[PDB]
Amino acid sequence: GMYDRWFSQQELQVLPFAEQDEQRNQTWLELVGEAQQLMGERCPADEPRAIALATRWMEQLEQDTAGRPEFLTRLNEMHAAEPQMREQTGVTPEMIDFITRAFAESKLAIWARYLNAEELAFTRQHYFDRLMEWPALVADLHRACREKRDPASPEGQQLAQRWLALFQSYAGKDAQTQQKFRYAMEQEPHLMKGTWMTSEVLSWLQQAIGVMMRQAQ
């Protein structure tokens, strides 16, 4: 079995995509149908329909991976490697790329109200630079939260420093710009949609960052 070569039996018990679910299949039929439509029209990634689709799409993926970021990586790799996956779902690499760009536009459209033109141009340019490293970090943040580790611990501060590096890769290294991203997150919860970042894990990360800022302040 395809799913058996890609996931452990313990993972297949927790993976919603493993379970039969007619509602979920109908939802994905509609998501893929709308993607094909918009791509057929050559709809730009910043069009309101593209932004709305990408948001719903990523929220659906968050549900169907049970909020486990490492299952997103696995599913992307399966789609790249397994012709049977592309047949089953109708999701093409072009489609994943379209959704990836529209999802970025959905964040940039919110940030545009909190950043100056220069900060937004930097973030638009550098958004994708280290994008692929986020799932592994979000996974480790999920583990640190569940294993109720101390944000102030050396291992907690290793996660805070890893977060800072990935964040600065798209935000830049200006302390004032970082506070604008923080303010945007506080004012616009919709920024967190499709990021695998639950309020519980964000709260833990916020504590770890708090410690990091005050040590060498």
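Numbering follows the first chain given and starts at 1. For clarity, a rigid core is taken as the largest C-alpha set superposing within 1.5 Å between two forms. Compared with the form deposited in another entry:
- Only one entry in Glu41, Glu186, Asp174, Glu155 has its C-alpha moved by 2 angstroms or more between the two forms when the rigid core is superposed, and that entry is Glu41.
- A displacement of less than 2 angstroms separates the C-alpha positions of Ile209 between the two forms, with the rigid core held in common.
- Once the rigid core is overlaid between the two forms, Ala109 does not reach a Cα shift of 2 Å, moving by less than that.
- After superposing the rigid core, the Cα of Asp140 is displaced by less than 2 Å between the two forms.
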Contents of the next structure:
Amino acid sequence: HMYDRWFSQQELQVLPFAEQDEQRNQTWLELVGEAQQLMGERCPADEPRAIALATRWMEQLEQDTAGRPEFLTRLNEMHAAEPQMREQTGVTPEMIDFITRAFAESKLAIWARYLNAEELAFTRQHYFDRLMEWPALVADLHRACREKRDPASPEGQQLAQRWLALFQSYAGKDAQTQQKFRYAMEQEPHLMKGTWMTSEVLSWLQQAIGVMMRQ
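Next up, can you give the form deposited in another entry of this protein, since the form deposited in one PDB entry came first?
A lone chain is what you will see next.
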């Protein structure tokens, strides 16, 4: 069976997808069907119904990957190389592209209340520049936070430096603009959806960042 080709026996017991729960399958049946309908209509990704659908997708996908970023990246490996993936899930790379942009717009809608028009335009473009590098970083942050790596060590500062590079990629290099983004996240729970980040890993990261920013 399909997940057994990609997950160890121990991983399979903590992977919700591997349950073939009937209710979970029906939920994804509806999520896929709704995405198919919006795509076939060429629905713009910033329409409310698209943003709402993408928000549901990310909520469900985080739950069904057990909140483990490494399980998310395993699914991405399957979308690239598992022949049965479309047949078994109904999810396609084109569909994922639509959800990705609608989920981006779900965050741009919130950032619009904190940024001016020129900052919003910059981020609407550059949000996508390095977006797909975040799951690898999140996995490396989970491992670091797990092993109580010193946030101030060279290995911790390399992680903070990788965060800054991905953050400045979407936010820009302006200090006042960056502070708007950091304030918005503190104020808006939706901005940390679709991240696989936990309060524990965020604390570890924000300690590493704080060391980087004061120095």
